[PDB]
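Given chain A's structure and the hints, the job is docking chain A' with the ligands onto it.
Number of protein chains: 2
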Amino acid sequence: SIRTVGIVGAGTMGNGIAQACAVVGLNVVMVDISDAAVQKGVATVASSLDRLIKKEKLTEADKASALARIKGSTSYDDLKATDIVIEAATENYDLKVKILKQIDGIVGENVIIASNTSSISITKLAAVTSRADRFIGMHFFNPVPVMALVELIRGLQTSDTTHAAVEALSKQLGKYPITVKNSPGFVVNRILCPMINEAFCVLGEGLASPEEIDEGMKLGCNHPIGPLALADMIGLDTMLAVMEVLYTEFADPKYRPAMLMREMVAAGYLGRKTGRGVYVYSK
Amino acid sequence: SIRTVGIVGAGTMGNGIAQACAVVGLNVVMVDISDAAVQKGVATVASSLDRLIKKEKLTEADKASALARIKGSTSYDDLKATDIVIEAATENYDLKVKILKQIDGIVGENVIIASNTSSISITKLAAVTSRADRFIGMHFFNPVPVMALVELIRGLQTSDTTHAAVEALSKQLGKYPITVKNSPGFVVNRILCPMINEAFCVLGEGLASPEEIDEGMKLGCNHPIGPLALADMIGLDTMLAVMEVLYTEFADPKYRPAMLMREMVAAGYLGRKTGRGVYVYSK
Ligand SMILES: CC(=O)CC(=O)SCCNC(=O)CCNC(=O)[C@H](O)C(C)(C)COP(=O)(O)OP(=O)(O)OC[C@H]1O[C@@H](n2cnc3c(N)ncnc32)[C@H](O)[C@@H]1OP(=O)(O)O
Ligand SMILES: CC(=O)CC(=O)SCCNC(=O)CCNC(=O)[C@H](O)C(C)(C)COP(=O)(O)OP(=O)(O)OC[C@H]1O[C@@H](n2cnc3c(N)ncnc32)[C@H](O)[C@@H]1OP(=O)(O)O
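First to last, the protein sequences are chains A and A'. A prime marks a further copy of an entry chain. Each number in the authors' numbering corresponds to the 1-based position in the first sequence with 1 added. Each number in the authors' numbering corresponds to the 1-based position in the second sequence with 1 added.
Chain A with its partners taken away, still in its complex shape:
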């Protein structure tokens, strides 16, 4: 069984995963490059725990009982303690290779190595490690504490065993796991993002105003947020990049990025993270 989870990366995501494993009882060995980054990782887990204490959730005795389980190191032989390591540091391909290569040097043949992503080919990664059959892709969703789902992405090489284990691990963490053969955009992004794109196409064409496009979809398909407002939340540079991956990996102009999405990105109007995108925001 998997009693001890490895985690390389202590940023937004890695805190997420770690917490999600701790508030359950699994031992996390978290790892990063400085002690500063590591404790900043712990501060966030605690801080988020104290929100839950506040809205009558959990207890004061779990904020405690969890953290005990988080062994947060800056050395990487520490990960031998683990049954599985999840890389959660980077969407940079060449850095990812190194990290996984290094993780692959430390732990034993039978340990599973995972890698969080939204865009990187799981098959292309798995192939850089010693045991490719022991590699699997994961993709958690962005406020990891509360979101109850993971895309589990099988490289061409991932084994049935490697799958079932991490299938079960996810189920323990309290999320429903989707299973997906490695493909550009996996499942969620594959269908969600080309829709966001189609909203930009519609707005580009002069067919309707942004606020009315967004309301159309809200009221018409009872979506929580309209795709444009949503695009502003995700990041229009994050959107363009996904569409570029879609178009490039499938080599099909079906996934042509919208031209207005290109223009906004060139202008720097990237959304909420710059105050201006489809809509204007404060700061």
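One or more of the hints may lead you astray.
Copies of the same chain are indistinguishable here, so a pair counts whether it falls within one copy or spans any two.
As the list claims (entries may be wrong) - Taking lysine-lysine pairs in the DSSO-like style, the calculated list, with each CA pair at most 27 angstroms apart, reads: (1) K172 with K284; (2) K99 with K81; (3) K97 with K125; (4) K81 with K255.
No wet-lab data here; the hints were simulated from the structure.
For chain A' with the ligands alone, coordinates are given in the frame of chain A:
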């Protein structure tokens, strides 16, 4: 002002519109081909009114006060009484022409003629009537009583005046109105349907199971219903047709129907309305 609404058609939609105008205070002149169809139209309006009485909504004195306002005829000079007629009988193009041609013979130059649709070119219609500038497209959503939105679709010829009037009419009826230049799929269907299609593409490709695709989108994008389950609700033959219109009207394989959606349709697996589609249902 528009005190008296014309309605040709007493099926699902026309009952909808009529009610929506009555529960507000506008006089409806409803019209169909038999007396049977007309009263069946009234039975449904009443029946739906009695649900609202039941869940502590409205009153017993509005179930009454509304119906008074519904003048439900089988002659078509009755529509001279009206400030506007809304055609709500048919998605058959050649029948639609006739009806609008006939409606156009009865009412005066300055009366507005609308036409409900999801697929028919508003410009192509408007052009068959005497006053094209007085034509506008409407598209209500399917349980008209409760859905708070209409797509208002300007043919190339619709006037600014014709627009503002029917803009206001919609606002009275209690819906937010979207405004859209006539284009294949208008707004909602234009972006929603190619997404449903992309789910069929994903399932066709062997990437993931239908139930997990659907859950991915539910949990991942907090959508109420997954697109596949949704496709089963809409009708897979209704989906294929929309995609065919998209592909045919834009003349762009970007909107290629999914091949599995074609196959299911050929097999007769059309969804909930036949008991079998993506999923199997009872009967
Ligand atoms: C026409 C074309 O060519 C193409 C098109 O179709 S374009 C328009 C189609 N687009 C669509 O999105 C259609 C489907 N609509 C949706 O999915 C909407 O987002 C939505 C209205 C369903 C969202 O609402 P939701 O949060 O899922 O509420 P939902 O529960 O589904 O509402 C339906 C009601 O029917 C009721 N109902 C009636 N009979 C019932 C039964 N036998 N069993 C269970 N529920 C029943 C339910 O109780 C429910 O009301 P409450 O939940 O308030 O009690
Ligand atoms: C990574 C990639 O490359 C590509 C991708 O991004 S793929 C994944 C992205 N996909 C997404 O769908 C991202 C966006 N997610 C969604 O829209 C989800 O459907 C959703 C979680 C927002 C749906 O939930 P919802 O019904 O809209 O709830 P919502 O209110 O938005 O939840 C956010 C919480 O933040 C809270 N919040 C925190 N600070 C706040 C503030 N200053 N003001 C207001 N609210 C605040 C809110 O209170 C809210 O909780 P409650 O409503 O329960 O109080």
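Each hint, compared with the structure:
no., hint, verdict
1, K172 with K284, "neither (39 angstroms within a copy, 34 angstroms between copies)"
2, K99 with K81, "within (18 angstroms within a copy, 79 angstroms between copies)"
3, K97 with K125, "within (11 angstroms within a copy, 56 angstroms between copies)"
4, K81 with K255, "neither (46 angstroms within a copy, 49 angstroms between copies)"
Checked against the numbered hints above, the structure breaks hints 1 and 4 and satisfies the rest.
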